[PDB]
Amino acid sequence: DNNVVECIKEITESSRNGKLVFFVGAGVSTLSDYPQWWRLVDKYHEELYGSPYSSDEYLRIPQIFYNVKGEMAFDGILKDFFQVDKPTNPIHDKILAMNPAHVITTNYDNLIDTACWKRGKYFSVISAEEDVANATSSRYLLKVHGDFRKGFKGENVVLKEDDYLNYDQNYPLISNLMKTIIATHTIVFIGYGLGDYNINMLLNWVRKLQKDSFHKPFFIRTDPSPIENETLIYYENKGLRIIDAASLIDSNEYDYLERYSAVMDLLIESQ
Amino acid sequence: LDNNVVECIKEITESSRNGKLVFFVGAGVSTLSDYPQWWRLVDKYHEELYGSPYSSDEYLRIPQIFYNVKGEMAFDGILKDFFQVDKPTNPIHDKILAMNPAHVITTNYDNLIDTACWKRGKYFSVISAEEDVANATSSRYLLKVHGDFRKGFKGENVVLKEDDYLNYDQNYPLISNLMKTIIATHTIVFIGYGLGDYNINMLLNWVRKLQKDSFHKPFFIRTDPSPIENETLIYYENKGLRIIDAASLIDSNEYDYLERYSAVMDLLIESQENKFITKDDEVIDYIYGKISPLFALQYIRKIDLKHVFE
Amino acid sequence: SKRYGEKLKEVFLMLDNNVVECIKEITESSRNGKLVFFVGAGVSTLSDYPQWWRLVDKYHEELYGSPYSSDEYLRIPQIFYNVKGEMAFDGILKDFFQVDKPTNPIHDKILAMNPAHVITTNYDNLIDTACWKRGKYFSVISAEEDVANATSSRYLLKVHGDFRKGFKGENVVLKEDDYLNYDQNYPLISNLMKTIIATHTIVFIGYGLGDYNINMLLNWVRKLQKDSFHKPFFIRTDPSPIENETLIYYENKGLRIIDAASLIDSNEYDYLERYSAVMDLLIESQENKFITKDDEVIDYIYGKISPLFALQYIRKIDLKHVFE
Amino acid sequence: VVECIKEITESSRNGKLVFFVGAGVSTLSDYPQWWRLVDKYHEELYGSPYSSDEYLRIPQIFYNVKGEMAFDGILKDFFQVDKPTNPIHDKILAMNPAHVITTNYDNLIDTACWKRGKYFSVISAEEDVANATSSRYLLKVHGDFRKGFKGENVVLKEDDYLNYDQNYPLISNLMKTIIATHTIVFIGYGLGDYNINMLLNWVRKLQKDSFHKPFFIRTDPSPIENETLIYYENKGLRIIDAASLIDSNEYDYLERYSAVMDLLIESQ
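Chains as they are written, first to last, in the deposited numbering: chain E, 23 to 74, 79 to 297; chain A, 22 to 74, 79 to 335; chain B, 8 to 74, 79 to 335; chain D, 26 to 74, 79 to 297.
This is chain E alone, in the form it adopts within the complex:
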């Protein structure tokens, strides 16, 4: 399609200019069989009531466990679930081969960190409040939701309902830096859904901005069904340029890896 062709043209232009920034979601980590959050909520529910989900439950049940079962058990469950070493899927390699100026990720894993270490491109990893000031390099691997580098504790990561409720207060520098990077760069979203919490919050923040004062970020959709035209136009009017990998080619209902690979290697071959 002409719109799609213009899209990959503009991401290739931004990548050549060095103004390209990649926004990484949970799908990229899940592609490497990382422990998903739904199973963490399932374990919290099993330790809460003994028998194992809406959008609100995903944030509430961890908060219920944190409140009634304390924080030591929360940290123990997080440690036993997330203290794993997983190989980097080719999607990380293709993202880094696109030469992104910044990598803003909501994932709390170190997959992007090890991928960057292997690829030889040094990214200043900023995941805590103190990391903003003492940034060694210009390129930022910005984990807006924190990570487990300090330790496998829930205080370092944005997981529960309280963490999302108080994110602006607890992470003013991280949120400010991420908004600045979005404003002054071209943003490409992978590993996210159209109904994702962070995606819709970012759409709200964009709606607060002045019209035509920002570049519309790119959203890459790997949902199995092709994107509905009504949903597509609704989200494009909200400030998104959607590249649907499901519309690009036909694939199975469970093969997400090839779906990400289609857009990634199409972008690379355009470059």
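Watch out, some of these pointers could steer you wrong.
Derived contacts from chain A toward chain E, CB cut-off under 10 Å, selection only [as the list claims (entries may be wrong)]: (1) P74; (2) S81; (3) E83; (4) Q89; (5) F174; (6) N230; (7) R233.
27 Å max Cα-Cα, derived DSS-like pairs, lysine-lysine [as the list claims (entries may be wrong)]: (8) E/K95 x A/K315; (9) B/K234 x E/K264; (10) B/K315 x B/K120; (11) A/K234 x D/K234; (12) B/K234 x D/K65; (13) A/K304 x A/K315; (14) D/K105 x D/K65.
None of these hints come from the bench; they were simulated from the model. Beta carbons: idealized from backbone N, C-alpha and C, even for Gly.
Given chain E's structure and the hints, the job is docking chains A, B and D onto it.
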């Protein structure tokens, strides 16, 4: 019943006697009157937007998409053809009114509470728009925080779509301020809510910002078919709620919500005259509560003592 | 006394139409019981309560050894609080404010206007004492916890705290930190103030047009829907008459200004006379000292009697209650 | 002071230095101050010629009662002047700042950058943030008159500072990001300035140690009192006072600015 349940009943009835009881009525009470639920409206919006038929955020986003795409006129038409119905008032409406509440705050955009107030003989200043706050004719309000269809069956008169909830504080500053003031200054009982409702959690989030003990914990009449889990009960009671579970009080069928609501409502009403006196200590406590203020006076006329004990 | 009454009558006779309508609206609110008074520091000053500029003077004296913009009045107390301790701040508060001052006649006039509520930025107990003498009970709300347990329907809402608990800097809104964190620290107080403003008729007395509280309230008012609220009345008692440009600017912001200096002639430092001019105009409007022609008599008696046309017979003992 | 110079010079060598230039340097360049603008607005308002909010309220009153046309006319007839750049601008450029944040709406810093040959991406509107083509930034947080001598292009009166975050979210975000990620030296600002107070209020929201303490060059004629100094050290500002460094005249601000600028430059 349980001791804490009896304490909740005592507090609610004392507030009702003092004229400081406010009822926060949700969609559950209207649903028992067969008023169309919002999931049918989202079903229709999905039917028009897509081929054929959700998440909690979808219930607001799908109408938002229908608005943004098909037009305010189409949204208006579907709202008009779905909500322009006449439904009877529940006995629960009459029970709430018989509790003599100071105010009735409600997220219901129907006039079922209005019809109940008009039938029973209660005069409430119905505040459903911003201009109604200053034009209220009395100090007792029927506060529809999400608007209604009195002006017309228009989508701008109510809080339905996603954009309505995001811009609620901006679009309803007087109504929101009045609701929070009523919550702060009165005793609040939540009825018709599912303990996971958006409004309940927004009010609990606002309650978090308040001082540690500057507010009274609102009551929550939970009428879910199954008894509340203990961990959920601790979580919500540590958030500032005092939960009275209809399922724990009596046993009934899963789909028999009318009896679940009526158990708690009739237990509250029948407790209005009840003094909860069984032991001699309770007798002494009640008589002391009646008599101790008279210790200031040197003598009391014996014919005046009939007024002390009502 | 009689000369003052005659002068007030004359002033009402040549009063501007706008001021006459404002007075009529305020009196109608008073009769309806929907009148709320927003009392400022000026009314407390009329009884010679210690003003805040002397407190800033003492703070500057202890800070730099020598004896003010708008920011200074809030920063210098904050300078004292940060550089020195809280104990010294509370001690200065105690020595300046632990005084028993009388209630000026303006207090009596305000309570004679039958206010449903009295909001005030004054941390003194002058208004509480004034309400106590007149036999009407006002639930005094000066802290967060006081909001939930409010005994009566009428509130005396001290939005900046007071010293009933003690002469401490944590009980009152004085320094710059208090104003920065007022919304966080006083959610219930601010919400109750805004609800009272929305639901009642507000008259600002004792305030300057450029006061911080007035500007904050006008900033909140701008957020409200157009024509969804009633414009508060503002009794301006500055020595000089209000400029036309300032008047139109503040009336477009949602204020109905009754300027005392424009109504009567008075000395520059005769503040009590300026306050009394407007308050007495309101009261003698309530007391019907200003009706003289047979048309006003008919309208007054009709307003008292026309509702009784609904009934068939009215007891002569009831007619006494009808005419108060 | 010696330690303060070491940090400034070290960060200047690292290339992450940023200067927050106030109205003081523009005044040193004899630019029309805002107080005379307020005086002109008052004269055209009341007819006879100040509180902290007066500087914001009086232009707002004039805009409300007279209209946008008269406001912009006064702005144009008072600001459309050519003023040579003072040597302090050249010294600031010679410190090689990574970015220059200015509350000034003039082109004095822009003209200095053009004269010296340094390319800074001048941002004063919302659209300038996204379309900036250089890593270096000249962030005019209050706007300027490059588009035109209009009141909408600048933040001058009340209802412009009140709605600053609503109309300048991108610019405010960029300013805060630059402050967080770089070291900041305030020059041409008073300690009681509104912008300094706003930035200190925002900094108080940040958690402890997460931010670099901004540097404040004070050029008032009288030496700072120890109590006010310690108060503003606690607030987060590291203050270097020109009055304490050398003995200077009451109205000789240029030598006061130079006593800090040349000392900082020669310590490279």
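Hint by hint, here is what the structure shows:
1. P74: This interface hint is violated because 13 Å lies over the 10 Å limit.
2. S81: holds (5 Å)
3. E83: holds (7 Å)
4. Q89: holds (8 Å)
5. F174: Violated. Min distance 26 Å.
6. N230: holds (7 Å)
7. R233: holds (9 Å)
8. E/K95 x A/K315: violated (44 Å)
9. B/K234 x E/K264: holds (25 Å)
10. B/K315 x B/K120: At roughly 24 Å apart (the allowed maximum being 27 Å), B/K120 and B/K315 satisfy the hint.
11. A/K234 x D/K234: holds (17 Å)
12. B/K234 x D/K65: violated (31 Å)
13. A/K304 x A/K315: holds (17 Å)
14. D/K105 x D/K65: This hinted pair holds, its Cα atoms lying about 12 Å apart.
In this structure, the earlier hints numbered 1, 5, 8, 12 are contradicted, and the remaining ones agree with it.
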